[PDB]
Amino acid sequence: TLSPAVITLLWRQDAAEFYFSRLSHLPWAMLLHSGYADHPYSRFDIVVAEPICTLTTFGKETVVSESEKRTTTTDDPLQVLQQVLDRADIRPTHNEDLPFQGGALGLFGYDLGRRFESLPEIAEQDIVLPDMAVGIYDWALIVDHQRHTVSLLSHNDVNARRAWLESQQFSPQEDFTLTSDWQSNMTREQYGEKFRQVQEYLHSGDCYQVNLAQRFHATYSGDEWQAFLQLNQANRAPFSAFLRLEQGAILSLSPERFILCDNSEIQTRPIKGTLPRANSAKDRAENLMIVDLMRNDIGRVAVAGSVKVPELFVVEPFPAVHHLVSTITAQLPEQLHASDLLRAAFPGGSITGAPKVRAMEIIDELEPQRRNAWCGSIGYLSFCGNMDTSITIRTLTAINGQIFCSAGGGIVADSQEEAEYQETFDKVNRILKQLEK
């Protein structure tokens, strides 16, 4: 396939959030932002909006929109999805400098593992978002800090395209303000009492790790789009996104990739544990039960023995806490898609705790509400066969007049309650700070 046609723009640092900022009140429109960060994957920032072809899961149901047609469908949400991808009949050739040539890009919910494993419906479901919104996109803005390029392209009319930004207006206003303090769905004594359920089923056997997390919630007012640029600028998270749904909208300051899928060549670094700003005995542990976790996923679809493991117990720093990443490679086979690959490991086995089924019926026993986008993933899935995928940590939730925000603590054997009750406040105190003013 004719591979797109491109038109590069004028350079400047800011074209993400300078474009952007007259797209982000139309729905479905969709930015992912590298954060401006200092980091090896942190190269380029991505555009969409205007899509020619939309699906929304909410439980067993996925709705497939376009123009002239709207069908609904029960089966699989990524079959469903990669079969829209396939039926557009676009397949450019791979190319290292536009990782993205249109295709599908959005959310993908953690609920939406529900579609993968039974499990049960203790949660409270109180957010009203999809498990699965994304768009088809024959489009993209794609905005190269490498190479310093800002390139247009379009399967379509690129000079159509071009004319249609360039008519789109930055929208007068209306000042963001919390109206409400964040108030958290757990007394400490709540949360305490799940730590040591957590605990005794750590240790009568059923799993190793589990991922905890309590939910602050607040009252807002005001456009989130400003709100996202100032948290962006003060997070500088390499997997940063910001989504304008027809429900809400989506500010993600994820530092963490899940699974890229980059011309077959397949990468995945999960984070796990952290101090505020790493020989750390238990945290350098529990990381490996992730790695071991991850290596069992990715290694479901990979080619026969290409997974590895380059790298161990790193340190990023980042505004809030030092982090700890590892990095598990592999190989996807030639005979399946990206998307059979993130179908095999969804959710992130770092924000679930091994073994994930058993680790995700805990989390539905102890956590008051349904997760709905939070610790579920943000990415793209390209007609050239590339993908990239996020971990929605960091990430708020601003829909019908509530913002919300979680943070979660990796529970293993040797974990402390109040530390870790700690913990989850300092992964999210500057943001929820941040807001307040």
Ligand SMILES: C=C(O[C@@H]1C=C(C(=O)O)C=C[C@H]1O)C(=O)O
Given for the second form:
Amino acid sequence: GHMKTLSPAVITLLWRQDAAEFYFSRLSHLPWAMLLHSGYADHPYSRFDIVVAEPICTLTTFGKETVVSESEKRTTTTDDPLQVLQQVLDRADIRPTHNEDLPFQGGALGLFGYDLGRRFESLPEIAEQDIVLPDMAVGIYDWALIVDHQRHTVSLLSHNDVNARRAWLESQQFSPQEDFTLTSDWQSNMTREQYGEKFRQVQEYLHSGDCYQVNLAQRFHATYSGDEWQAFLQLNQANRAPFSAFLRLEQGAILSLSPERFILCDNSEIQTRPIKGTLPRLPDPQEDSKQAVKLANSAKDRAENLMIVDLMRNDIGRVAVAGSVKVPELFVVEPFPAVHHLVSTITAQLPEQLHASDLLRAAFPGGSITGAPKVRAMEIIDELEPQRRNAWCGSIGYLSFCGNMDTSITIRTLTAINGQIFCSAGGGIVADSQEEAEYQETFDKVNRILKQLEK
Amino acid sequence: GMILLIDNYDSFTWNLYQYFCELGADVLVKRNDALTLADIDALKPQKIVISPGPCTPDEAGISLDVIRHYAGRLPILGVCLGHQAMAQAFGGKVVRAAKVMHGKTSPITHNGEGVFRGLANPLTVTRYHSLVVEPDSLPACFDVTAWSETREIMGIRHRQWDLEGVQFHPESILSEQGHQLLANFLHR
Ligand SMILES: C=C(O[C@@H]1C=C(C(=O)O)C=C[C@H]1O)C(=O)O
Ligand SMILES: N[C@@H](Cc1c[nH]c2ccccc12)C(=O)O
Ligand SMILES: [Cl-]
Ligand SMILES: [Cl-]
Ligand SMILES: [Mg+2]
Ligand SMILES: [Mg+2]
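And the form solved in complex with this ligand, for comparison with the form solved without this ligand?
Time for the whole complex; same chain goes first.
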């Protein structure tokens, strides 16, 4: 019955900077335990780490079917998966007001895989489906643990007995597992020669006017043993990426070291921050300073970026309040441990009759990892990439009961399933792209991740 | 007040929607295979805009038929692919440019006519195109309104009817005076 609009009850825990990894350690083996981590990054959009587990409802989408699971009820539907997600959110009857210090007040959290985009556009079926992991794997949570690095506050919130949730958390124990070890070398799904053939086919499409940009990716695979959580602890420290995440799913684990925000909806203010443009970090600090200026002044990288800025204005423009779409920032350089990136910022407003779930449906998957025009680019990706992307170049994030949302692009993200680990790497092919430079750009983005796991 | 925007499966169409809505237009967006001519007659749009898109006018669904049927009946604006389609509809030819221009601005010179009424000359505009209208086969019913530095056609307008094309994107974040350009089509 009773709709709840009351703000959730909050217990403040001891401030420690490592609170999220500390508490998550005892949860990391549970299916539907999830961590969003800001990577301890010194970054304008690194503030929050969020921990959930023990969902009240789960949503699992494989192709045309979504399975909605709740304590004594399992339902299957062919309906639009984001429409079904919004229905499940509404039926929870938890409707708190926005709190700028608690941006997730319970709600939906999980994975929107790249192949969920097949529900939103009609796409060909050439690339092979060789990973069985859901297109959507989302929990509904009536509590959360929020770490706020700006206020130095750890908040445990619940809509249903926060003291009982605190005692549940204290009762969970971190009984550590064997360390992570790779048990094979990394191997790609394509040779240098195959990559070359595919690069040249993209350039034929650029010159024929089929497309203006296509993101072409390869995939590295290895076997592994030991605990995926231990791998993440090592990677998170080293990557300092503000949109990182660890998901324990029924089918395997997602280890995301993404530096990329897809879409934020914060009190109806929309933000998207497409990353397009890359150079490697150089070890000499004087040379590395010059490297940042080279990327900022690169004409090829500015074209690659601008095209995605106009595409994201379009994608947000499908739902934004008329006149609200703005570009406050073009071509800022952000340094990360492996690479310098060029990032731009687009803002807009969400209309009151729409939901963040409608904004996700209008924009998914990100133009920054497809290209332009997006439908044609996604057709070319399916034609040239030997396997479907699955979790990689999808999104992780939350849709709060208050209406807020935040999402990543799952670049720099590993999939750990059935003792196999997969790590993909791509880049935007445009008219001024060169074959060897684009091949090496894929390695520049993930070489440090691949090499850290070999030890 | 009612503008029908034909979407050629493009990733810039909704920038045109946003600019026309900001100007106070009511805008309906339909994909190029989601409508028949009969459907358009029942909707009774005041004007039609043909969006940008991938490939050539032959792959643009209903766009060529809409141009041929409503020519002289309702004002039509063609943007990039829409401009190419307008030239092709009256017997012009769409050919590869000397240099593709994708996410690059260019200064264009114009005659201050059609949608260039009141705009500064030259005008810096964003290009997203591999193809151009071949100048030799441009139908006699069209005046060239704008040129690139290498004398590529950047705009055309019909001598008799409200039927006008631009090769560039007025709605790009780096194009100059794109709201005013589209306002000319909306309010004239
Ligand atoms: C697909 C990737 O590349 C994407 C495109 C970039 C580029 O091409 O410069 C940079 C960031 C990413 O949005 C990747 O990170 O693996
Ligand atoms: N960096 C975000 C929170 C965040 C961390 N990892 C994420 C992954 C996906 C979405 C959001 C996040 C913030 O400070 O608010
Ligand atoms: Cl469907
Ligand atoms: Cl801190
Ligand atoms: Mg690049
Ligand atoms: Mg509603």
